[PDB]
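One structure, as structure tokens, below. Some questions next.
A single protein chain has been omitted from the complex, and every remaining protein chain is retained in its original position.
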Amino acid sequence: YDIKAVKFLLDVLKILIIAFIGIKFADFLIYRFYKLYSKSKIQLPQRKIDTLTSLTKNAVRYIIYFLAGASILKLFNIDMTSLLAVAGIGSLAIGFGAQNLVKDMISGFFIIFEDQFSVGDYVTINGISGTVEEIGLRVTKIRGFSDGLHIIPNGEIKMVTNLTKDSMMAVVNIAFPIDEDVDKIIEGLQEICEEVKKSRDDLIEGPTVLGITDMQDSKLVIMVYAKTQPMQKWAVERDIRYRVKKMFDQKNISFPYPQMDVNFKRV
Amino acid sequence: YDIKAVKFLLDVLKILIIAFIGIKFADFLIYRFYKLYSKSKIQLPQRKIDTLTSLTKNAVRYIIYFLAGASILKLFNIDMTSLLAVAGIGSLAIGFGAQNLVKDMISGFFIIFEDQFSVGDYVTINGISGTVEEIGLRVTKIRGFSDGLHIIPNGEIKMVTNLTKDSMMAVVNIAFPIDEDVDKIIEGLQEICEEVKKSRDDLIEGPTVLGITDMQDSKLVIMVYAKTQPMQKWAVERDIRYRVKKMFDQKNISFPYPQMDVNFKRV
Amino acid sequence: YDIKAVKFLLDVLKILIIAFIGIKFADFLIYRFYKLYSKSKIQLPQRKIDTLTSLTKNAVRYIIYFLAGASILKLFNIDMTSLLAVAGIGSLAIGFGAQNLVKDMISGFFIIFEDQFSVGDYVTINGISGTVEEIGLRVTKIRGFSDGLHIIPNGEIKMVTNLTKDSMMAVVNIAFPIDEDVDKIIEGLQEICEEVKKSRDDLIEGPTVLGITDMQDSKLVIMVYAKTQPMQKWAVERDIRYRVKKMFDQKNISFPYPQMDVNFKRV
Amino acid sequence: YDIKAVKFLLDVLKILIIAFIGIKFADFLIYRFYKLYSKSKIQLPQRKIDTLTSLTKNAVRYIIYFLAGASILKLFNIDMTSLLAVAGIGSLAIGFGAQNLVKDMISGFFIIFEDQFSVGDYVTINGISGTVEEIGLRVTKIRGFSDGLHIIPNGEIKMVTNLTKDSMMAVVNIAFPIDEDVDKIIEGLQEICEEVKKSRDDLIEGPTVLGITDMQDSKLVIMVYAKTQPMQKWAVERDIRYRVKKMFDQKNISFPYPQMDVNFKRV
Amino acid sequence: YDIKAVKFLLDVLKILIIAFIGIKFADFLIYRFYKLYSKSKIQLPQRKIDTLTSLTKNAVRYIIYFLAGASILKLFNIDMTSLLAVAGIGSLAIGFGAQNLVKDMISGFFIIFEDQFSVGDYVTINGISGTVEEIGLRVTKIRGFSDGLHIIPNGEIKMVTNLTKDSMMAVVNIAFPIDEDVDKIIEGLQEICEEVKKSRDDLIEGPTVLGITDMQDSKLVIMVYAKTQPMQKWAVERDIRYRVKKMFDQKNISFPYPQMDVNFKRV
Amino acid sequence: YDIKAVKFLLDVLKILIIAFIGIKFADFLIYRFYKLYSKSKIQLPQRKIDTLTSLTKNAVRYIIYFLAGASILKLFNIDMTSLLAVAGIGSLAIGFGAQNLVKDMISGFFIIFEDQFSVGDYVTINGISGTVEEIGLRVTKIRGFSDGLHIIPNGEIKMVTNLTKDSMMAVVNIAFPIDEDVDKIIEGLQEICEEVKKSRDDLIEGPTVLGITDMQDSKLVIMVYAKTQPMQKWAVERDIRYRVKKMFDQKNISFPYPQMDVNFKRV
Partner (left out) sequence: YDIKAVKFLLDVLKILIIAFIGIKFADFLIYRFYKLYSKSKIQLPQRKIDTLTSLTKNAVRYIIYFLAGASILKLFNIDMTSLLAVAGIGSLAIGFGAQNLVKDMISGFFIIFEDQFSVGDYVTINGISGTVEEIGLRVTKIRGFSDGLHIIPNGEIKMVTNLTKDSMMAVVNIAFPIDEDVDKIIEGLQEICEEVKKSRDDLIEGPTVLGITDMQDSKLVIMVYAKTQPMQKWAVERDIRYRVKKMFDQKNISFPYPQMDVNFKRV
């Protein structure tokens, strides 16, 4: 007439005392990871830490409940494989929904750690470009000129192209009619290059004229370029453009107006 | 002649009393999570809470049924691995169909918690732009001017670019014929910048003229820009455009009409 | 000389009596879930319910067969892990092919439950727009003007933008030559706004003229807008367009004809 | 000196007699599911059923071999988890390669069961449009006018838009110069609407003129529309187009020729 | 002082004799599946069968090694779950990398079995079109006119549209100026239809004129169509085009030259 | 007072001697698979084989460590399921990161084995075209004319279209004004066909004129085509183009200059 109900009550008593120990233990650890991060009130307000700490506490309570519960269910002869094919709906949903969060974190870790870019560089990252403002661990902030502030999760960084770095390149493609006199234009472009090499202090390499970079229908295109100091690219381009307009005027050279020629019939 | 039928009836009696205890226990917990969320009738109507609470109750009944059932099946010597390869069709279908729901909730949690944007900012989020109206946990609402109200699930937020924030940037690209007189145009643009810096109180930085931002075929393009107070961008741009038309008129300057030039043959 | 063949026949007899019990039990449950949903013949015809109920019954028969079978196979010393790596082909194929069905259902549940839109609103949902006609749980129906009836599964709803709701916005972008007289045009547009504010009862806000919304090459574009009652947007726009044509006529103002200017050589 | 070799030979004898029983059992079931589907020679030729039945038989033979084999391997002390990590290559490859097949079947089941469309409707399904010819369970056939016969697997049906159904809408967008006389044109369009309302019997709603649906550069566009009987849409549109050309002729109205205006310099 | 070393050596001896038996057994089965497929040298050269058979043999050797090895490792008290988390790297990599192969085979099976197309039809399959040359089980070959020979794996077949089949449709959209005389043109097109109905034997339905299929700016488009025998579509279209050019000539009708009209200022 | 510490030390001694045996065994196998592949120094340099063999050795050391370790951890009563949920992070990451590698190898195996193309054919493969230079097992090399050398991993081959093979097709679409005289042009094109059939030895089929392949606005297009020897396509097309220009000259035929016709107003 059975004396195993003893081992039974022993076990359910073990599960209960261990779940209690675990709960108090965890409320202690959450309170400590609380107060230690609470008085050095740097990275977070006591409104966020509150909701975050409450969130941690609730997660640990529910986990501990589920565990004690399924263990005690095991004791009343419920099958743990069926219990697994039910709890595994949550294992799967959460486990996979969280993978983006983990991808963000790993990616961010390498962005920060490989110094792919620092809190001031101008970068183009996934078709969007701007000046980096914050580098978080999960998320990166980047303010374009006029574009507004872009907030990009780190997992979404396919390629990150960094302008700046070891200086930028400024480039102007100026187009003339094919029609036109090449050597005159090229000599005038070089005069602009010299005037700008003297007149600026942000440029490290150029300006330089390199040949006919392109030829098509009724226009031929020549390129001037120049290595500039970080964030000066556009200033230099705008300057070169102004001077090129001026040189179109003084040197009396035709503008690259589109140029058709038509045959006539009257009827 | 066997005296194990005792341990057998003992077991199936344990499964049944535990499934009963679990069902009553859960109907109690659902009734409490019911009435506690029921008289503080804030976020939900008693039509929604009804269907939602009925839904929870039915899910717990079906889970408990499945558990008791598979355990009793285990008792009649049915294999739990085959039972698993059957129940796992549901574990997989539900577990993965729900991963979007979980992704939404994680993403939403970070949107709210990192204050990526507040209930008033103007944001562009996945090619769609508008003024945010609700920030849920699963879903975000965003009303574009004329666009209608966009409802976006949170898991679908690749990048969220926020305009507004620390002020916007207003930009006008005005285009003149290459043909034209640069310094006159630039000086007049600066007169418009001064008149607008005086004439407005929403601007915090500009307006400012920066050089020849672009040059092509028969037009050259100059840019004025100006940091404005949140949501004033467009007002400022429209103002600057009006003034620039006016200045085209008074200063007598040619409009940037497309400009071909054609050669003739008669035949 | 063995007396375990007894426990053996006992077991296979247990598996058989349990599979029998399970089959009768389920044909009973299917017959009840049948007749209860059968005389309240609302949502389904007795041709659909027949094929659906037959389908349920066959699924339960095949599952029960597979279970009894794999258990009896376990009894003749067949390994349940190899049996698992065979049955798991079906666990995987079905479990994952069904995940879209589950995704549809979850999504649909939230569409209905968050009242994202009701059986009358005009919505644009994944590049397709129309008037919603049915809101199912798995699938949504939406009839565009001329487009035909679109049937969209719920899992395919990335964003659902809802026009209507708290009223629509009607917008007309009218374009004039840059060439033209701005204040005359604007005053005339305001006369059209006043005449339409008087002459209609669907509009709740506009009409209103806001500045030069755009300026380019040989055209400048002005915008009139107006908040209208649900589904009136287009009536209002068509009206404003008519009146704007009329105002081009009476006020004698040039149409925005594209405007080149060409230089001549003869040869 | 061991008397367990008895239980050993007993076991391998059990695995063998059970694999034999299983093979004969299955060849019987395949032969019956053969002859029963063989004399009602409706949906399949005895060339297809032959290769399909041969295919079923071989699959069951190979599965039964693998099972008996891995069980006997278990008996010579081979580990079933390593055996699992080998067989699972096939469990995974097949299990997942077959998921499209399962997706097709589920989708098709719902297409047929929700009567999303019947064997005659004209549907646009994933950018492709045509008249449905067969509705299978795995695959749908749809013949476009001139397009050829499209065969679409059911799992690939994102949205299925069905034209026809509760009648179609025929739409003509006729464009006139802005230049032109609106009320004359509108009255003439209404005369065409009346003449067509009289002259046809396939239309159920229109034809109707609704206002200036669009206005741009040198054209303004008016829309006539009309609900028609299934598959008459295009007949009605072609008719309305013919009559509109006729009305351009008789009423002497200018065609919407693109309309530039150009300024001259000679040089 | 232990007499279990006997059962130990017994076991490792069992694993060894079973791995030996399995290896000889498999080399026999590979040699037979070799010579049986070797003298009926149809589908394969004895250079392919050699490398394929060698490949099979090596796979079976390595699998048998891994099995015997992990079993003997189990015997020296190595844990099979850790062994599983190592071998499962290969289970996963291979199991999933092979899923495309399995997808190809399933898809190909259905293409062949549902006779979606035969070794002569002209099909468009995933944006690519051509005449089918081989129908494999894994891969399909399709030679476009000028395109070269396309080799498409079967798993990549989303939709397969088959032209040919129950005949093709040939279609010519001829465009006239709006300017023009409709009934003359239509009557002339019908004369071309009659002359071609007489003059060909590949057509089964047309040719036929159906109305104004389109109207825009300065062109109106009329469509002639005709059901033709498989692969004749293009011959018919080219013939109809030639005849339509001839009819433009004889009947003296204006070609659909783009038609602007321009206003002049001199300055 | 326990005499199981004996079986304990026995076990950990078994794990240690088996890990030692396994390590020496593997360093031997690596040294042999080393020296055997080392003196037939064909496919690899002794710098690659060094780093590759060192890599193999380190992988086997770490695997053997992990196994011995987890087994000894099992002995001190550490749970192997928790150990599994930790090691499985690596099982998953590696197992899935390697699936591309396996996909490449399978695909490459079939490319090589089905002789889809050989080391000289001109192929277009995923939008990129070129002449194949190497066919590896993991990766394929393909050098475009001017394009540079493309290196494509095998798993990335959706479709591979092979030009060459049973000869190429050369195609020239020449366009004339609609305006023009069709039979003259066609007869002249045939004279070019004959002159080229005589004048070349790389062509196997053409050249041939087939009708009006296209008719539009102000141009009608005729096609000449011809089956050529592998890699001659372009030579033939270039030749036919030259001759067609020559024939435009001699036969005095109008070029297909775009052809508008304009109406005039002065104001």
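Lettered A, B, C, D, E and F in written order, each chain numbered from 1.
In this text, a residue touches a chain if its C-beta (ideal position, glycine included) is under 8 Å from a C-beta of that chain, and two chains touch if they have at least 3 such contacts.
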Query raised in the report: Looking at A:30, A:49 or A:70, which makes contact with the chain not pictured?
Result: A:70
Requested in this report: Please pick, from F:23, F:26, F:152 or F:186, the residue that touches the omitted chain in the full complex.
Outcome: F:152
**Report entry** Candidate in contact with the missing chain, chosen from A:51, A:58, A:91 or A:199
**Finding:** A:91
Query raised in the report: Given the full complex, what residues of chain A touch the hidden partner chain?
Result: 11, 14-15, 17-18, 63, 66-68, 70-71, 74-75, 80-81, 83-84, 87-88, 90-92, 94-96, 98-103, 105-107, 110, 113-114, 116, 123-124, 158-166, 168-171, 178-179, 182, 210-218, 220, 225, 258-267
Report task. Spell out, residue by residue, where the missing chain touches chain F. Result -> 48, 51-52, 73, 76-79, 81-86, 88-94, 96-98, 100-101, 126, 128, 138-139, 144-153, 156, 174-175, 219, 238-239, 241-242, 244-246, 248, 255-265
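The rule we apply is simple: only the chains that are shown with their structure count from here on.
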Query raised in the report: Just curious, how far off is chain E from chain B if you go by their C-alpha centres, in Å?
Result: 39
Query raised in the report: Can you give the whole-Å distance between the Cα centres of chain C and chain D?
Result: 18
Report task. Mind pulling the residue numbers of chain A that touch at least two other chains? Result -> 257, 263
